[PDB]
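Read the single chain below, which is given as structure tokens and is the form deposited without the ligand.
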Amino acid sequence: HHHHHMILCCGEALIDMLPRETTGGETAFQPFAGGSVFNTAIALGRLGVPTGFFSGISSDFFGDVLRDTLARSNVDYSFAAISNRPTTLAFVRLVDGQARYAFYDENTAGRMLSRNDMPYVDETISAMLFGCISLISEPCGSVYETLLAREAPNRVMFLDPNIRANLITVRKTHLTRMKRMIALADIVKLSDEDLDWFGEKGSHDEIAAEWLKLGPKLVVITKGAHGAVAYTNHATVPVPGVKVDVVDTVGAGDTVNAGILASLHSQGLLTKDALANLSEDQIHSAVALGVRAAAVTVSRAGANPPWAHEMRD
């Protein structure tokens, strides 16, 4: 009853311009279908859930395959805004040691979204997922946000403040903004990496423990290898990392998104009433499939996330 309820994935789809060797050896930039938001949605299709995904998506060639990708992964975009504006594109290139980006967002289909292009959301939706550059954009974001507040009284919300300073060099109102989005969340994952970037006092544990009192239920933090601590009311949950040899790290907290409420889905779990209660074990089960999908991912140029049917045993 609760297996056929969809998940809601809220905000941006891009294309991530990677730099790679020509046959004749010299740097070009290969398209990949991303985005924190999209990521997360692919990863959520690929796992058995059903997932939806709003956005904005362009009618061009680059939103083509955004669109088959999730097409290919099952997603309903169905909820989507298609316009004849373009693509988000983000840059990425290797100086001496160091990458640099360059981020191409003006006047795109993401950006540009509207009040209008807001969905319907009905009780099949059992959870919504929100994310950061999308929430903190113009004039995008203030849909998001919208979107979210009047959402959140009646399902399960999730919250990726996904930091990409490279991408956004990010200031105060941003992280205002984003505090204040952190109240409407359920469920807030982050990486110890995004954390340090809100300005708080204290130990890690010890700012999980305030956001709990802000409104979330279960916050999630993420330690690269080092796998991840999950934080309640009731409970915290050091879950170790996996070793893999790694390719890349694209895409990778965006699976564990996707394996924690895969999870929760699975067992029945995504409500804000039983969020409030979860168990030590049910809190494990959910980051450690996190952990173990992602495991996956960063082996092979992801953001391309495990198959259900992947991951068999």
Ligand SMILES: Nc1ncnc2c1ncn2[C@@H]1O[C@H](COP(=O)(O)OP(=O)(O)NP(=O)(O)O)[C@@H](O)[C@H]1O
Contents of the next structure:
Protein chains: 2
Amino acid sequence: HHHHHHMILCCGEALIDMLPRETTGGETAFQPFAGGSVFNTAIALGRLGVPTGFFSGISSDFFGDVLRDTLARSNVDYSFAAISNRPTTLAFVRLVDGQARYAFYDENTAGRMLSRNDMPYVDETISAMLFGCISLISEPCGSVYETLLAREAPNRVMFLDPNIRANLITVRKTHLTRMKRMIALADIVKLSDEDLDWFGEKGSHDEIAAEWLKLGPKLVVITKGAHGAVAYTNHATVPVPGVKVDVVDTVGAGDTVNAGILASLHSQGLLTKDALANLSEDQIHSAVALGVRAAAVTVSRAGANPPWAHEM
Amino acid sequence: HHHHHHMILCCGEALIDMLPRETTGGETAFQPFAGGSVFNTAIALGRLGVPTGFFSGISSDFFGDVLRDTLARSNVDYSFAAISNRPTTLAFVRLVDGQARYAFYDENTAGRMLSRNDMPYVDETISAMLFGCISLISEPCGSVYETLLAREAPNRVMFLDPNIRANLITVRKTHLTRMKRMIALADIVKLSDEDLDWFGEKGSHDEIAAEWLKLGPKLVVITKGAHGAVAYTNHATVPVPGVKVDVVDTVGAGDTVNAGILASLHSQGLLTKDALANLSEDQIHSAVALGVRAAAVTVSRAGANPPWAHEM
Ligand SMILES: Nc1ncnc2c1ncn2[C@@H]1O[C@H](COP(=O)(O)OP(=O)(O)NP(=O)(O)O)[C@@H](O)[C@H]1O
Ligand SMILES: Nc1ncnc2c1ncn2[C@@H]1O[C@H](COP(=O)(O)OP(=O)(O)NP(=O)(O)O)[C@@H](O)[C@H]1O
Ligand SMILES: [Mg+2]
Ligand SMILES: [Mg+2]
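Now the other one: the form solved in complex with the ligand, given that the block above is the form deposited without the ligand.
Now the full complex is given, and it begins with the chain already shown.
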């Protein structure tokens, strides 16, 4: 086993986004792009210069090759991932009558059919783990990821990004109970206002954050689009304004906020459970502001294309 | 139940071929094309003006819509098909170092997961049925198609197009025994020289055709690329020369030969088991020559794009 040098290990989906493009012959085709929210977060972390790892199910096929190539060039260690001959998850996007239509091809895929046997070896040189998004909806991988979070939560820092995609949730009740169990096990929870709306809880979003801070998390961050983010602890509330940019699109911007927060806490030497329980206003602001600043670069260009440290 | 007016019912795969194209931005994308060998044969039959039906598994999703739209515009009756919410089979093609690479995404698809419950209602107004190609390799659909052939063989004319795709055959022995059982139940068998090579039998291809004419078929046709085809019965051997054309590609050309043969036999009023056992040299030549002439149009343009009668 290799020393992972105080690594942040991202655990979750890697997929191919299949997006509509125009061919030379004036016909619609689908151009493949490496993607998946947790994948994007891992890419963003690597580009910020943090020691970064990725655990997922990845195919041996040519789409799997795309994913691995992208991870490698962003310096992400994906030795943790389970490789199999199952196909790669494909996410088709179309514009139909000025409205977005989605088709999710995830049958018996490398990513979906993870088993307990596939769980990574995690020693003291992993400082933190991140979970989130659609890898937690699907089965059997969702149960594997929840099990991994529950197994490792006592040992190191846990970050959860609910990142709700309701169109893929077939039974609300069952995903909601999983979210609550996983929030209870998280040290840091980051989500958008829209994410939070899906939980259907009472009161202002500030009030709900305060309630969640009684359930396990030491830090709750609510992202607010162009408006930045607000961070909540039991000792402080820290509003962080957005950065003004010329917007191309905002897809995957939240994935970069995850990276900025974790990268800053890493740099500050605050990635321990105990350190997180004692964050100062300055330490919180620094971490969420890096997430917000980094995410602003992403929204300034097409797709989830997170910033290199040297781009900032 | 509707009168199908002496219909030829094609039974087999419908899929999306995903082919490499250049985007305006100089990037590779995959353009979707309606396809599948048995689908192509049904399209070709419809375009030749023959009453034509199609039994398959087809998705309710947007790729399924492409398939249905294509069938409708070629006047094919697909009321027989089983519609489900399972995804559509995707066949990816790439050019890697001047060599063709294939990736077949067929997990839990509309086409693959057919059951006995899905088999069509077949009455006296169906004159013939056609089977073939990769729908016979996969399970469970392959068993369903073989069962349908065995059930209907005593009642009407059976056409088999082995159309071998060895890259998708995982166990040779099991597909070979299925081919032999289905050949035994066929009135007409058409295949290429390369198809025949895969059977690994002894002697000249003329000798092997003669052996198969002792096993059930009344007509065996071997296609020979630019060289046309040779047709074999117990009463005659009929060489049919190829038509010279400017070749674009030959993909799916064999599917049009199927259509031409069946369309001619339909027009001549020879689509009964008894009529096929008594074919004259002239009747054989007419049918195979239409297949060869029609296929020549297909090879004159990109992909499996079979000719309308009014194009000939
Ligand atoms: N219009 C904008 N202008 C500047 N920054 C933006 C804009 N929209 C989003 N951002 C940045 O991106 C962060 C996250 O965006 P936000 O819309 O809250 O996440 P999200 O809805 O979860 N996006 P996604 O990753 O696609 O799920 C914000 O906190 C900002 O820092
Ligand atoms: N180079 C050519 N020139 C003219 N006609 C051709 C040419 N190639 C094929 N054809 C026609 O297409 C028929 C079938 O082609 P052939 O190559 O024998 O089938 P195949 O190998 O089974 N093709 P496919 O449908 O892709 O499996 C031939 O009998 C010809 O009538
Ligand atoms: Mg948003
Ligand atoms: Mg050929």
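For the two forms, the rigid core is made up of the largest set of C-alpha atoms that agree within 1.5 Å on superposition. Numbering follows the first chain given and starts at 1.
Once the rigid core is superposed, exactly one of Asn154, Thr169, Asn74, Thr146 has its CA displaced by 2 Å or more between the two forms; which residue is that?
Correct option: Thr169.
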